[PDB]
Amino acid sequence: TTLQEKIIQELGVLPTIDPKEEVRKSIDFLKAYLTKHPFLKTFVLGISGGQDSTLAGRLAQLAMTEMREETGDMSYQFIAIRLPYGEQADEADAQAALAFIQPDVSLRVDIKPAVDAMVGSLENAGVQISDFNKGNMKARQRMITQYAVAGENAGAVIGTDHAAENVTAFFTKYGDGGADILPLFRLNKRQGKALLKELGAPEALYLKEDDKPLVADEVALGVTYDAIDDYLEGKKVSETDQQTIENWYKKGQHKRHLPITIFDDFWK
Amino acid sequence: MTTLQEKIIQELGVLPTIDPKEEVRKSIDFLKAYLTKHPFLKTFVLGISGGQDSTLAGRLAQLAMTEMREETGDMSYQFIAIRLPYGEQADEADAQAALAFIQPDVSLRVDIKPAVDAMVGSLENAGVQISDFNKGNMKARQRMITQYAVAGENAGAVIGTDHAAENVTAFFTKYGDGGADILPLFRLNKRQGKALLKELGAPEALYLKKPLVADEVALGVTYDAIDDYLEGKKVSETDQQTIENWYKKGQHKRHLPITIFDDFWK
Ligand SMILES: NC(=O)c1ccc[n+]([C@@H]2O[C@H](COP(=O)([O-])OP(=O)(O)OC[C@H]3O[C@@H](n4cnc5c(N)ncnc54)[C@H](O)[C@@H]3O)[C@@H](O)[C@H]2O)c1
Ligand SMILES: NC(=O)c1ccc[n+]([C@@H]2O[C@H](COP(=O)([O-])OP(=O)(O)OC[C@H]3O[C@@H](n4cnc5c(N)ncnc54)[C@H](O)[C@@H]3O)[C@@H](O)[C@H]2O)c1
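If you're matching them up, the sequences are chains A and B in order.
When the letters of the first sequence are read in order and numbered with the deposited numbering, they come out as residues 2 to 209, 216 to 275.
When the letters of the second sequence are read in order and numbered with the deposited numbering, they come out as residues 1 to 209, 219 to 275.
Simulated from the structure, these hints should not be mistaken for lab results.
Treat each hint with caution, since some may be false.
To be verified - Think about it this way: if two alpha-carbon atoms lie no more than 30 angstroms apart in a straight line, the pair counts; the simulated DSBU-like pairs of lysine-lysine are:
| hint | chain 1 | residue 1 | chain 2 | residue 2 |
| --- | --- | --- | --- | --- |
| 1 | B | 113 | A | 262 |
| 2 | B | 275 | A | 37 |
| 3 | B | 190 | A | 139 |
| 4 | A | 209 | A | 198 |
| 5 | A | 139 | B | 139 |
| 6 | A | 7 | A | 26 |
| 7 | B | 21 | A | 135 |
| 8 | A | 26 | B | 139 |
| 9 | B | 190 | A | 275 |
| 10 | A | 113 | B | 135 |
| 11 | A | 275 | B | 32 |
Isolated chain A (complex conformation):
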């Protein structure tokens, strides 16, 4: 077996899916977890306006709607949290997703006071935080907010990690990677778009002739989501793009595992 075949097996990506069936697989998986853990009543997720948190939010809300209808228990709710950095941050994209999700609870918590206070307390010790590190600080502060809300409403924190993000470890360790359950895990980027299309999401929520332009995530990675998805579907990509993808994989192995103990061997 090759590294590509192994990575595909590890992430459980299928070269082709049934988007209608995958939506049911995602929802039934969520519902099955609630039933086995009666102490869990709510689902919490930060809604950023992006494809991932929109799809994971809709699947979470659809799960809770079925739960409270099957069980009659009205405690089953999904809580959406808008987590802007600052008070003049554009939230048009976020509430466009909110209109599609239709969450039972819609909250807004500004993370700028906490992040700025933590940055200041760090500068008080000679630690100046770079621009990119501050981004990781924002993702971890958003992790704290979602877990603070779940810690009050007997909830579980939904995670937006999927296959295309996991190969590249394109997430903040214990930031957006810090969550309780992963409804999107197994799907690549374009497969996530297919599920959003299956759920009747307005086309402006996953998209935005000549070549398609690049998004911020692809500029950082040096490889497009189409190559990443082709790779995870078992298709042959260029030697250059394959090297980029597998380099990100080995680079982010520590994010794909629990904290490293003396018994681990994956890193050697």
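Use these hints to put chain B with the ligands onto chain A, whose structure you have.
For chain B with the ligands alone, kept in the frame of chain A given last:
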């Protein structure tokens, strides 16, 4: 068929008897071997509170960095210790005695209370009251953010203090003090942690000490019973039930976020 006690001991890798001198080497060599395999890592980062776990983990990381410098001649290999108090009223005497024994390369002090209080204010601003217990987990996560911020600036890895006696009961905050990069103490119980601290020449005020300890009061079971359990001995039916109940409740803390492919929760 194998007991749950045997599975847990195998899973956590506890030994009924250890060699404290050898176990000191096994942790130091493990930390150095990871740095050697990852030349982009140059520092270790750990919050120092004064307790047994962070003191033993801090000394082991500091010792490993000293050997790293002497073997390679690269002076950038440093251990960074951060005092992470909540406010000013918090007593510093116990954390100070830990730093006197560790003698770190870099000693920082970051107060998490401004960030934590701002988080609470923004949450209460949205109608979310925060209880004292939920606020406790928020402090452990804010401390995690501080440590990873320092590590993100210094090409560092965050040292974790989780051990066997803490993993059975899952007595840590998910992505709080449980969020770390490398666990030098994983396999040791609570008393084995004391034994290594003795081997390392730590003063007895750091690990020796009927009075009530806060951990055992919340856990409903003593550390001596947890350590007897992890050493393969037989414990009372009451204590065995208490421990195994914590183990099943904290299974989600011992695994990555749940995917559709997992079955341990079923
Ligand atoms: N140029 C960019 O666009 C850019 C820059 C920085 C970060 N990001 C994004 O932030 C997120 C994470 O980036 P990040 O990795 O820089 O921050 P991160 O906090 O998620 O990961 C780095 C941390 O993990 C630990 N670590 C690093 N190497 C380790 C190793 N071999 N073993 C064990 N622990 C190790 C360290 O504690 C380090 O601080 C991603 O989504 C990334 O796309 C993007
Ligand atoms: N009386 C006390 O002394 C006391 C009380 C509470 C907490 N604590 C301390 O805080 C530490 C953390 O414990 P905690 O549970 O209160 O906070 P925690 O954040 O570590 O665990 C609770 C969170 O984990 C998630 N979760 C809970 N059950 C889950 C499940 N079955 N599946 C998936 N996710 C689940 C939820 O997001 C929940 O909000 C404790 O170990 C203890 O050290 C002490």
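Restraint check for residue 275 of chain A with residue 32 of chain B, where alpha carbons must lie at most 30 angstroms apart: With Cα atoms ~12 angstroms apart, residue 275 of chain A and residue 32 of chain B stay inside 30 angstroms; holds.
With the threshold set at 30 angstroms, check whether the alpha-carbon distance from residue 275 of chain B to residue 37 of chain A stays at or below it. holds (7 angstroms)
Hinted pair, alpha-carbon criterion (30 angstroms max): residue 7 of chain A, residue 26 of chain A. Please report holds or violated. Roughly 23 angstroms between the alpha carbons, so the hint for residue 7 of chain A and residue 26 of chain A holds.
Holds or violated: residue 113 of chain B and residue 262 of chain A, Cα atoms, limit 30 angstroms. The given pair, whose Cα atoms are some 28 angstroms apart, holds under the 30 angstroms limit.
Between residue 113 of chain A and residue 135 of chain B, is the straight-line Cα distance small enough, at 30 angstroms or below? Given that 30 angstroms is the threshold and the Cα spacing comes to 19 angstroms, the pair holds.
Would the hint linking residue 139 of chain A and residue 139 of chain B be met if the CA-CA limit is 30 angstroms? Given that 30 angstroms is the threshold and the Cα spacing comes to 16 angstroms, the pair holds.
Given the hinted pair residue 26 of chain A and residue 139 of chain B, is their alpha-carbon gap at most 30 angstroms? violated (36 angstroms)
30 angstroms limit on alpha-carbon distance, applied to hinted pair residue 21 of chain B and residue 135 of chain A: violated (41 angstroms)
Please verify whether residue 209 of chain A and residue 198 of chain A have alpha carbons no more than 30 angstroms apart. holds (14 angstroms)
Just to be careful, I want the Cα atoms of residue 190 of chain B and residue 139 of chain A compared with a cutoff of 30 angstroms; is the pair within it? Answer violated: residue 190 of chain B to residue 139 of chain A is near 35 angstroms, above 30 angstroms.
Is residue 190 of chain B within 30 angstroms of residue 275 of chain A, Cα to Cα? holds (28 angstroms)
In this structure, the hints that do not hold are numbers 3, 7, 8, in rising order.
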